[PDB]
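If you want the building blocks of each chain, they are given just below.
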Amino acid sequence: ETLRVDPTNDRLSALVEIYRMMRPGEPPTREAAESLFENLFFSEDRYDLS
Amino acid sequence: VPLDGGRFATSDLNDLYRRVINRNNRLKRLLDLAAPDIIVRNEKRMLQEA
Amino acid sequence: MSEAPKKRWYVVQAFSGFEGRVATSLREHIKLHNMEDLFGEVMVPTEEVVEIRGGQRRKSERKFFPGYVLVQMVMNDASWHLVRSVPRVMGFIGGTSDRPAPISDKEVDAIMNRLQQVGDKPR
RNA sequence: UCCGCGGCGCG
DNA sequence: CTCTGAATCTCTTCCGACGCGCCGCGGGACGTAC
DNA sequence: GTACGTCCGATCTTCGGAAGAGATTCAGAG
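Protein chains in written order, with the deposited numbering: chain C, 349 to 398; chain D, 253 to 302; chain G, 1 to 123.
Careful: at least some of the hints might be erroneous.
To be verified - Below, a list of computed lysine-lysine pairs in the DSSO-like style, where the Cα atoms sit at most 30 Å apart:
#: 1; chain 1: G; residue 1: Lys63; chain 2: G; residue 2: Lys121
#: 2; chain 1: G; residue 1: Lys7; chain 2: D; residue 2: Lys296
#: 3; chain 1: G; residue 1: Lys106; chain 2: G; residue 2: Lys63
#: 4; chain 1: G; residue 1: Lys59; chain 2: G; residue 2: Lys121
#: 5; chain 1: G; residue 1: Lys7; chain 2: G; residue 2: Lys63
#: 6; chain 1: G; residue 1: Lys106; chain 2: G; residue 2: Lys7
#: 7; chain 1: G; residue 1: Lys31; chain 2: D; residue 2: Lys280
#: 8; chain 1: D; residue 1: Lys296; chain 2: G; residue 2: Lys31
#: 9; chain 1: G; residue 1: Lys106; chain 2: D; residue 2: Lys296
#: 10; chain 1: G; residue 1: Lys7; chain 2: G; residue 2: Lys31
#: 11; chain 1: G; residue 1: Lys59; chain 2: G; residue 2: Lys7
#: 12; chain 1: G; residue 1: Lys121; chain 2: D; residue 2: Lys280
#: 13; chain 1: G; residue 1: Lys59; chain 2: D; residue 2: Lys280
#: 14; chain 1: G; residue 1: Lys31; chain 2: G; residue 2: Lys121
#: 15; chain 1: G; residue 1: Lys6; chain 2: D; residue 2: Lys296
#: 16; chain 1: D; residue 1: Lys280; chain 2: G; residue 2: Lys63
FYI, nobody ran anything at the bench for these hints, they're computed from the structure.
Assemble the whole structure, with the sequences as input and the hints as a guide.
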């Protein structure tokens with residue numbers, strides 16, 4: 349049911365949703381969404397577990 | 253109130269009032285020059301926020 | 001471009017005292033990103049009233065309106081992201097957030113014929 | 001010079 | 001099917017002792033002349 | 001190295017507790 353409630357069906361939809369949610373009020377772009385997502389949890393500079 | 257030394261210990265009211273009157277002065281100096289409507293609307297909003 | 005519209009001046013705000021720095025940064029970004037067709041020229045209004053005495057001498061540079069620069073860009077997403085990417089520049093000044101608001105053609109004519117008389121009483 | 005902020009301590 | 005409609009879920013605000021004593025820092029930045 | 005004018009971009013994490021206003025909802029009836 350968790351997946352059933354979710355209206356997204358593609359990776360592009362999820363990227364657009366996360367880009368719009370993280371920073372509201374801006375035109376979403378697939379490259380921009382990918383860059384934002386990759387810089388939040390998979391970049392050594394801004395994220396680093398001890 | 254002046255403090256020990258060559259400086260002055262200002263209160264927040266002075267800064268707020270200075271900001272408001274400077275915003276009003278810019279409002280006055282933009283209206284007579286037939287400034288673009290978008291900019292005058294934005295600075296009116298910013299004066300309202302101030 | 002894909003059409004033939006008027007890439008009229010659009011309002012972008014900056015930090016005071018950095019207007020020339022922001023303009024140079026935009027120009028060098030355009031140069032290095034190799035995207036020059038989508039952009040035209042960056043123009044910031046200024047006026048020159050000369051006084052021979054009274055403290056500041058032989059020159060006095062001011063602005064028609066401070067903290068705002070004009071861009072000849074066009075409506076799309078790549079240019080929007082490019083302008084957002086430059087430092088010391090916040091969001092656009094228009095209507096809705098995602099799509100800015102242009103300037104009226106007649107009032108653009110007014111601003112440009114105000115700009116053409118800046119070269120009054122020269123030499 | 002008389003105010004603000006932060007910290008420690010006593011009832 | 002569709003219109004009320006009363007109940008429920010969710011979001012926003014204000015509140016949380018009372019007198020001291022002592023000490024330290026406080027418009028800071030930032031370019032622009034000079 | 002020292003007056004002086006203008007200004008105002010690094011995007012916040014760890015509390016209940018109640019009170020109230022607004023959006024939602026499903027319950028039921030015509």
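Structure-inconsistent hints, enumerated in ascending order: 7, 8, 11, 14
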